Amino acid sequence: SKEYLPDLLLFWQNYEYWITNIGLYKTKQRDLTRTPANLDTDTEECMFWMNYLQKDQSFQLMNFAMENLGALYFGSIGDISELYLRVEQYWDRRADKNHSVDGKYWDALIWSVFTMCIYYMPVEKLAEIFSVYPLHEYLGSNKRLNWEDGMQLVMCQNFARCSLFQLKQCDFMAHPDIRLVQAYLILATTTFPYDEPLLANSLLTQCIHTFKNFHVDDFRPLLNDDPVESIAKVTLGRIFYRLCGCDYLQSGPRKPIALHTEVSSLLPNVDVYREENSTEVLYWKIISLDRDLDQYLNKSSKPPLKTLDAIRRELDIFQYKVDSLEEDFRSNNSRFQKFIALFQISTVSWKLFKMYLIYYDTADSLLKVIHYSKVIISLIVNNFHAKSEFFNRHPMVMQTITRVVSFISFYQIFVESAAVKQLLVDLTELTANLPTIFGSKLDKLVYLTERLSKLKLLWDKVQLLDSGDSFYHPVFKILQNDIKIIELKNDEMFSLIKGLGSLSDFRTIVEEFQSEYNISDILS
Amino acid sequence: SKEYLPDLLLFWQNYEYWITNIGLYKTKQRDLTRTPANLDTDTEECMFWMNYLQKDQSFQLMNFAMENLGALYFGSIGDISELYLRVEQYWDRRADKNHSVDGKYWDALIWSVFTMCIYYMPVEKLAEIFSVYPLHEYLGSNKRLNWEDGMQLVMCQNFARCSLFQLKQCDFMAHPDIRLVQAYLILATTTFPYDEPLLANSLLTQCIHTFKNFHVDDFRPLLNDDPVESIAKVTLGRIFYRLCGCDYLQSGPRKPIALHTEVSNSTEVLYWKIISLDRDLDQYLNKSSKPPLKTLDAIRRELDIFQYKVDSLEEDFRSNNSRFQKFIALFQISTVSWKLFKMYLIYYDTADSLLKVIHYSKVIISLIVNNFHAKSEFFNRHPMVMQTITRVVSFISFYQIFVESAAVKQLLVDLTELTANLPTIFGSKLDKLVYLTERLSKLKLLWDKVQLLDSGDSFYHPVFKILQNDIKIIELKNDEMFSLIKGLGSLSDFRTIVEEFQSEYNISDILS
Amino acid sequence: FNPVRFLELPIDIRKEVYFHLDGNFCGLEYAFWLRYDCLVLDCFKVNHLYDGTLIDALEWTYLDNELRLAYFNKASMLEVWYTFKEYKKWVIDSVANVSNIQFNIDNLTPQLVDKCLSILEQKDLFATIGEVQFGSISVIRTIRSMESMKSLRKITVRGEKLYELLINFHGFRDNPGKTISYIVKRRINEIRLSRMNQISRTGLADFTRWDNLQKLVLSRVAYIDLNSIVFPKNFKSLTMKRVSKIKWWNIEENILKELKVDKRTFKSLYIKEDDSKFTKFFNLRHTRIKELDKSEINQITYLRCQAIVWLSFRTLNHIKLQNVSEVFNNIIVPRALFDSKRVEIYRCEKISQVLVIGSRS
Amino acid sequence: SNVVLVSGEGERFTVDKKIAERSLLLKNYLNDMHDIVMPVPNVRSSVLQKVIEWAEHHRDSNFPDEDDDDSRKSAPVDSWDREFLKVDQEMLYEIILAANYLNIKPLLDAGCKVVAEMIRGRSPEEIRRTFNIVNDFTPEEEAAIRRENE
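Residue numbers (the deposited numbering), protein chains in the order written: chain A, 54 to 320, 330 to 565, 588 to 608; chain B, 54 to 317, 339 to 565, 588 to 608; chain D, 4 to 30, 88 to 156, 164 to 202, 257 to 482; chain C, 4 to 38, 75 to 189.
Treat the hints with caution; some may be incorrect.
Stated by the list, open to error - Using C-beta positions, here's what the derived DEER-type ranges look like:
#  : chain 1 : residue 1 : chain 2 : residue 2 : range
1  : B       : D202      : A       : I182      : 52 to 62 Å
2  : C       : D109      : D       : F402      : 13 to 23 Å
3  : D       : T143      : A       : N552      : 42 to 52 Å
4  : D       : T195      : A       : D390      : 52 to 62 Å
5  : C       : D108      : D       : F402      : 17 to 27 Å
6  : C       : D109      : B       : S564      : 50 to 60 Å
7  : A       : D423      : B       : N151      : 57 to 67 Å
8  : A       : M100      : B       : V384      : 55 to 65 Å
9  : A       : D423      : D       : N375      : 35 to 45 Å
10 : A       : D423      : C       : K20       : 50 to 60 Å
In case anyone wonders, no lab produced these hints; they're calculated from the structure. Even for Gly, the Cβ is constructed at its ideal location relative to N, Cα and C.
Isolated chain A, as found in the complex:
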């Protein structure tokens, strides 16, 4: 019999929630009796990584971001030609021995902008601007590494830490101001929310508290307002919808305080149909389609087909709006905006037809999954060319492939097909050719896929037993115990007790495979 498949596809939703989503990005094994305390206070380290930079290097980073990366910061900070004055003021106020809170806020904002500049610059321009040598003079690592060898990410993470250190010098908890939130919306474009998810959740809770301090709900200005007040409300609305997007991209069992009062498209105090659609709320609408799909992962109920068909209709509507974006390609900012919107709309299409395949098994759903996987392959391989390799550095290409190359692996364990194997070979070709800036995270993904490849072999050599009621095989036990182990590793009761307390060949094959390929290797 081949009727074990629908319950196993329904088990994929639980496995995708706990292994691929939570346990790979959003779980950090902490142990408070072993972490070193912050007695350095990041003072010597960020003192070095602040006086390492020079002035001409900073203005070249600003010119690079001015002519390339505008689709990321243009909703957050606005127009960056205003910020050249702030860079001049930083390089003039660097010699001052008494700083103000406002000046240090502007300095933290431009250091976050520099962190994004370091994250999205290709290795050739970064080697022509910066020098490899004094970092190896300082960091004490191996003196043979280059920028393409894994030292660009170290400089990016240390610039993010220096932005956070300049936030620490403000007493940012005692002075709530908007330059926290904007700075986090520049730091939420790197892999900073995936490096330290605990610190990202704490800063994001501070950003939610800082935003809700202003008590602004409607960003449509009124008729009895200062013109400055109306421009302030427009910029605050753009910051708000970018903050909602960067807020949904970190959800899970460690993020309890939601900002999600934004009502999704036609199932809620902020109904998102009333704003004039700029880039930021368009990105939020695509993230809202994503969040309306991926709430049924850990839930036991099944999604209605009414909802999935509404998602299909609105998916085609925003698909056509991306075509009718209509900007000038000579400035190439619209090129990167078009890539972001097109990759997100292909991701949401893929998740829609994955849920079509799993929950209801509709007309050629697997074939549409293969088709949109090939579309994602096309949209990533097309940017293997020159001058636009860094387009493959926006973090959503790390998420979506992690959703794809797991699932097409998992289905390959149980249903043998011809197109699926060639698609898996294409994904295995694509996974190694992703940029090396995702580092260890990228490495972990390959390990997961490799484990699933080995999980095909144990499916083949072992015969499926039968009890009449339910089915029994070691693959089922191992896939169950993976979710059991990672749900055990997200239980903070033992942290509470460390706080204020005083403290059959079936089983053999399962213990052999879990002793050989442990799932806890993917935990951060």
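Given chain A, put chains B, D and C in place with the hints provided.
Chains B, D and C only, in chain A's frame:
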């Protein structure tokens, strides 16, 4: 006509929400272009102010807390003889070079306990323990200042700041743990929520994040549980109910992330039930609506039930912890009773209301004057008597402005005499309370010397326009739109009397 | 025709087959065997499987001295009829809890409406019934029973005799038994109207009493006036079927009273520049939409124009229009409901002027 | 500039880009980056040739909308479409499967209207009196119905 009295008593709800609560205690005038961003991050300050404390002095602080302060820390840390081991570990580990995060959490907890010891200690033992002279050698102030001048408040603020500095060395943002909530609830016993208000709001939002990290929503022990887990869930329930209490004691416009999901071992449950009754009373300050009579009658019936429960409580004379608990519980239930009959007087104008207000006001005065003797003077240092006496003297002065009575006048003289006799550990809040009482008395003189007029539809008097402009100025001062604009870019004889009163008796003097 | 390959055919294509096959299951009728087809049970299994977004016209009737579910055609001819245990058994077959069942008053007799309500109340449930179709003894008999009607979400009211008594706020009378009981008005999520001529005559069309409206349907009405109608808090949708000449909002008269500019000079102020990017997808071909020029206005004045547009347009998500054949006062809609596919006009060749305000950036 | 579709059997067909924009998939598979061949699996080449001929017929026809649920009900049974889909049943279902895969709403609507006219006018009391996929029907219930038939 004489119709201004009910609408003016309804105006008192607005004035009591903004001026006596948000303006005096919960508003900090900030300026970001002039405030020194401390690049040192208080390392030079707290390094000295932690080298000032000595070991045997700290153990005498812990002994005083064990003897006399149990009804405060029992909600947060339970028993303090269990904490002596952690104090020993800190004093042995202090001489090291490296440190661990869990140790620094225990250090933040015991420094918060030290702050609670300093804030409630009487002045004679505090003078016998600590010197006065290195304080003025560091601060550069007068050598002739004493503890009653205000140096004990300065030492309390510096210990709170050094506890926060130990929290900042933990990177408590990137490492949530339950000792943050306990070390904040010990710092919530003082007037640290009134020195730095939005810093306390940020710490309380961090504590709400740290609590909801655990995902425990029901605190009852099951059968298949580890008993350690059941003890942990009971203790976490205690911390949750007291955290709801200290959350309600910091509400307002500058704190929108609230924990109040609960609606309406025996002591903490009694304490939260009294505070929740207080919450259901004072939820009608900022609102434009009015409570029904059935609501106030149910509050009165439950008030009599908890009055009998406090009458069912005991007291011990050799154990001062029991008298401290008894005074706190009886003062809380008397404050809730006074606020209930104040709402009776304001909203419905029911007979036998003002006599009940004077009755429970004299009960509050008797509970304070009973502690004016020896051996129990520090009972008046709890923040609830500052809040309660602020509301009482404000409402009695506002009632004396517009309604004359001899018993009310003698009550006002008693409140005014007791107001200057409050201890000097409240300091600037006490001075601004005296200034607000003096401003309302001069407003009474202005009400006396100026005729009330009427154009045929509504009344007109300078007192009404001044009391309205106070609320309008403080609602203008509690807006962050100007800070948002500065963040985005760098972009008749009647009127004469009103402007002279506003130019002489300014409203911005009660702010911070 | 092979009904065994048609059933192994997948779900949504078979749905699209039944989408064009709504009422006419046959084509006078041999109603004995027509119920027990596999295709009819397939229709109702798929119809229960989505939400009820197909035919959905399931009535309670008292036929053959028995209370049973019944489906009526588009011309109100009886197609199928189920005993409730049968329909429960095959809904359980589909799902491997019913709550959406319509209730006419117009397609029934009051001497059996009373018995239907009495035995339906005292028998087991008096629940699982969503819509209530009004449009006078039987009406008052139904009103007395709606207090126990736990899960209803819809009210349809037919022509103007029954509307002004029940729905509009104008009365405020002293008859509690005649009108609603204010617990049924809390869960009243949609309201449809039909078979009338004027909604706002002899008073004012005010919906302020009815809280919690997320949709509204105006069908086959002669003359309405949007300027007269006010709307509740938390109002979402607005759908209008085939109507005659109607008046729209006073938005253009408020822009004309803002800039202090004339009508003919405003007709040279409405640009028609950005009509070839995305509005070609709208497939209008009759209404050429027009916007305001960016060079002929300031920034803050344009934001104030948007603020004037959102006044008397406070909370609305989508406006749906069938053939209306005329609109008097100068359609000028916001782009935030026009740039997405929310403002949807479908069959209007007689309409010509659509103005749209907002940035298309 | 021509666009090549690929069938399931392997025969590569060639149409124009403006012709291929009748499909709501070529319009979103070719619009990746402007700085040519689309595979269609599991479609026999005759079926894709018929779909291509249908797309070449209606090059300048105004179809109603995408979300007009009442214009689909008020059905235009087009003359060339009714002449076109007059094939046997399996060819018709393969065309409808191809139109669902190619995301072409009007051909899907026309095919489903043809199948709806087939299923509407079934033989009364001949095929409707024979239920044939008999499940959730006991022999007791079937015997009860066949006893209630007389």
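Results of checking the hints against the structure:
{"no.": "1", "hint": "B:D202 <-> A:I182: 52 to 62 Å", "verdict": "holds, 60 Å"}
{"no.": "2", "hint": "C:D109 <-> D:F402: 13 to 23 Å", "verdict": "holds, 20 Å"}
{"no.": "3", "hint": "D:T143 <-> A:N552: 42 to 52 Å", "verdict": "holds, 50 Å"}
{"no.": "4", "hint": "D:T195 <-> A:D390: 52 to 62 Å", "verdict": "holds, 59 Å"}
{"no.": "5", "hint": "C:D108 <-> D:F402: 17 to 27 Å", "verdict": "holds, 18 Å"}
{"no.": "6", "hint": "C:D109 <-> B:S564: 50 to 60 Å", "verdict": "holds, 56 Å"}
{"no.": "7", "hint": "A:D423 <-> B:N151: 57 to 67 Å", "verdict": "holds, 59 Å"}
{"no.": "8", "hint": "A:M100 <-> B:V384: 55 to 65 Å", "verdict": "holds, 59 Å"}
{"no.": "9", "hint": "A:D423 <-> D:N375: 35 to 45 Å", "verdict": "violated, 55 Å"}
{"no.": "10", "hint": "A:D423 <-> C:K20: 50 to 60 Å", "verdict": "violated, 34 Å"}
In summary, the structure is inconsistent with hints 9 and 10 from the numbered list given earlier, while agreeing with the others.
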